[PDB]
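Encoded as structure tokens, the following chain is the form deposited without N-acetyl-L-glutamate (NLG), with no partner shown.
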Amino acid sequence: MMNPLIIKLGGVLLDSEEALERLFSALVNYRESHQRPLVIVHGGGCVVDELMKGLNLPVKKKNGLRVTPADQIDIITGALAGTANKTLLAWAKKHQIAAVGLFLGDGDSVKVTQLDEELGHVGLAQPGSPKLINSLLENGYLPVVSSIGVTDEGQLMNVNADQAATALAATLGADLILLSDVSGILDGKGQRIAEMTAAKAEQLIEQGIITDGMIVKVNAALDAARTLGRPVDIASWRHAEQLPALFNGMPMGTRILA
């Protein structure tokens, strides 16, 4: 079987039924015209944000990663591993796709450990075992993986979805496409940056252009690029007309160079 293709979803995508429909239309088209098996990895995006906002719970970040107190891991796991994951599975079913929902701990696909006590239940994702997912792909299923994980001691961990995607890409030796609200990484004028290298990323970070989770996202993409030995794309899920070509390789956002 070929190296799979991981398409990572997140942001406010789940807030738009229209965007979800156009996305799944493109997913079905990709599947029915390619031999490379697909794998979806997703974060919490608007599902978690809106819930937290509704529960009047603050969202604080420390170096791009949002602090996840022990008294909130259950509700976040619910919104991320539960609501977001199952909503995506429902869209897959609606489009006659046989999908299987998983989280990072299933089949020890991605190994997770506590990243920093100051962050609480935030996990550090590293490559795991590709056996379970490889078996699902062989059997014709579309794995849909949430960014929640668990330590060997049984503690639930909230993992940055981009870092989770990169860790799974390494695990599966898969190509990777990170879909976000914006068209890749933006420069100081808010314009799309076509190509990215570690050297340029360092400069942009130094200049304050790349900040917050974007630092985590770019570093993750760069990590995947060097590990896989090939480019990783960061692009938008907003423009339907662009999805088919993007999935097939047309550069629509920021190409992270290995």
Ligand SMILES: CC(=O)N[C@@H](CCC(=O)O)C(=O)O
Second form
Number of protein chains: 2
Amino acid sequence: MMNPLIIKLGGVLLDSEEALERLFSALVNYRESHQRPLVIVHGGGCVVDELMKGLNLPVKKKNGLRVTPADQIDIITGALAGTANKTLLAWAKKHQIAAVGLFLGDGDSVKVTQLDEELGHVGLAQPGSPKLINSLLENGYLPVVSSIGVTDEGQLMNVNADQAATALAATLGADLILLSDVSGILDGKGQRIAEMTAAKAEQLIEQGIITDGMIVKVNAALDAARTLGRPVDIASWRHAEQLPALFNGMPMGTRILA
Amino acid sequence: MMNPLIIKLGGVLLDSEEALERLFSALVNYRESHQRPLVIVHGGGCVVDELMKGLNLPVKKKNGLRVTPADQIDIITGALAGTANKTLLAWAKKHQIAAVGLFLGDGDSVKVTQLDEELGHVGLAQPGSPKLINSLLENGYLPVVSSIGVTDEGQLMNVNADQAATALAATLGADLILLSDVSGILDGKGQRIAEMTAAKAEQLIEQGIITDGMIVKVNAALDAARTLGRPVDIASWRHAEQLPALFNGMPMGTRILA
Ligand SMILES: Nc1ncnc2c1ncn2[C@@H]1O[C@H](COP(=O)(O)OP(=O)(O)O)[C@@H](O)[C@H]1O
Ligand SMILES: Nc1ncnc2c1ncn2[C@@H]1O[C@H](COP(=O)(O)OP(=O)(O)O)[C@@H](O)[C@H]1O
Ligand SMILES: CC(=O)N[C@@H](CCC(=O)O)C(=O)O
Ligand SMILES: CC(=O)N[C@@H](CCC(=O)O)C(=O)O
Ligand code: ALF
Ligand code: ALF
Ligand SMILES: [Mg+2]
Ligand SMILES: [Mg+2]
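Show the other one: the form solved in complex with N-acetyl-L-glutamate (NLG), since we just had the form deposited without N-acetyl-L-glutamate (NLG).
First the chain shown before, then all remaining chains and molecules of the complex.
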């Protein structure tokens, strides 16, 4: 079978019915017109932030990662591994797509360990086994994977979805597309940056242009690009008219080179 | 492959580390000493009730089923399909069991439709396709299935775990064990009832002995027993010493006959 294509979904997309409909319409069109098997990895920080306020709990992010206390990992797991994942499975079902929801621990797809005691239950994702997902793909299912993982000792871990997507890409030897609320990485004037290299990323980071979750996003993309020896794109899921060309390889945001 | 055995987990078990440890110890022992493939189906009303109070939302059950408003289905899905499911996946991992988490919609394992507009997003579960789960079992994985499902139109549904377990049993032609906080169905004096028939169940229901979720539980068990033409047991997960014999077919609670 061909190298799969992982489409990572994140941002406020998950909270827009119209955006979800336009996205799945495009997914069906792609699936029915391409032999390359698809895999979806998703985040859902917005679903979490919303649930947190509903509980009046603060949200602190250190170096682009969400501090995840032991007293919050179960709730976060629920919002990400449960609500976010099953919402996407429901849209897949609505569009007659046979999908299967998974989290990083299923089939040890992506191995996770505690990244930093200061972050709590935040996991460091690394390549795992492609056996389960490859079998699902060969059988014609669309794996939809959340970014919650579990350590060999049985501790649930919250993994940044971009890093989770990159680790899965390495595991499956898959092409990768990171979809967000913005059209790629923006410069100091808020304009889209067409191409990105490690050198340029370092420069923009030194200058404070790339910050917060985008530093994590670009670092994950660069990691995937060098690991796969293939370009990785960071693009938007907002514009319906751009979705078809995007999924077909047309650069619509920021293309990470090696 | 042999007919699988579905072990349904529910009650406050999900909130006891000691109980979970004793259970998984017994599961590993069984798996390593029996060729019959295992499948876990789980509920988690307690995880939901706890999350609801955390949001100060009331919990109303009509005829043993939780009224599930549209404004609560996502939160419930998170607690059941996310937290509860992944907690069990974590314990499986801790005991070196290769498990795979699923919800009723994965592989259309169990078909669900809206049961009653008065209940909101509560689903009526019916047999689906055994293809996905059979393939997972043949490949050596332990499917751990939550009771959240999805309609063909893409609407998430909350299904009572006992009914979900029975529908899956029919789908897979599996033996079934329903584990709860009590040692089977109790009589008017709180004593365990060894055997149960449809006639006896009707009698006890008419007399008010069997009420609330137990009416749903016994009706689900009787349905499974007549559909499979096999006895179904309702037993407790509380007593560690009884777990081994229980999983080996020894009647430890209430055995439903036809
Ligand atoms: N230079 C930058 N270019 C583009 N987005 C940036 C930049 N610096 C910070 N961002 C922030 O990064 C966000 C996207 O990353 P993130 O918040 O992690 O969400 P997700 O990964 O779920 O899409 C944008 O919504 C933006 O607010
Ligand atoms: N006659 C009865 N015998 C046993 N349990 C009963 C009876 N009538 C009501 N129950 C209630 O049913 C409960 C078990 O069913 P339920 O609440 O649905 O939980 P679960 O299915 O998650 O184990 C018991 O904890 C008990 O409080
Ligand atoms: C550790 C960590 O930052 N996790 C992410 C996972 C979801 C996502 O990427 O949207 C988080 O917001 O909680
Ligand atoms: C509809 C319905 O009653 N659902 C169950 C599902 C979980 C279980 O059985 O514990 C519920 O409590 O929300
Ligand atoms: F949805 Al995100 F980081 F917020 F992947
Ligand atoms: F855990 Al339950 F009904 F409360 F299956
Ligand atoms: Mg991010
Ligand atoms: Mg019940």
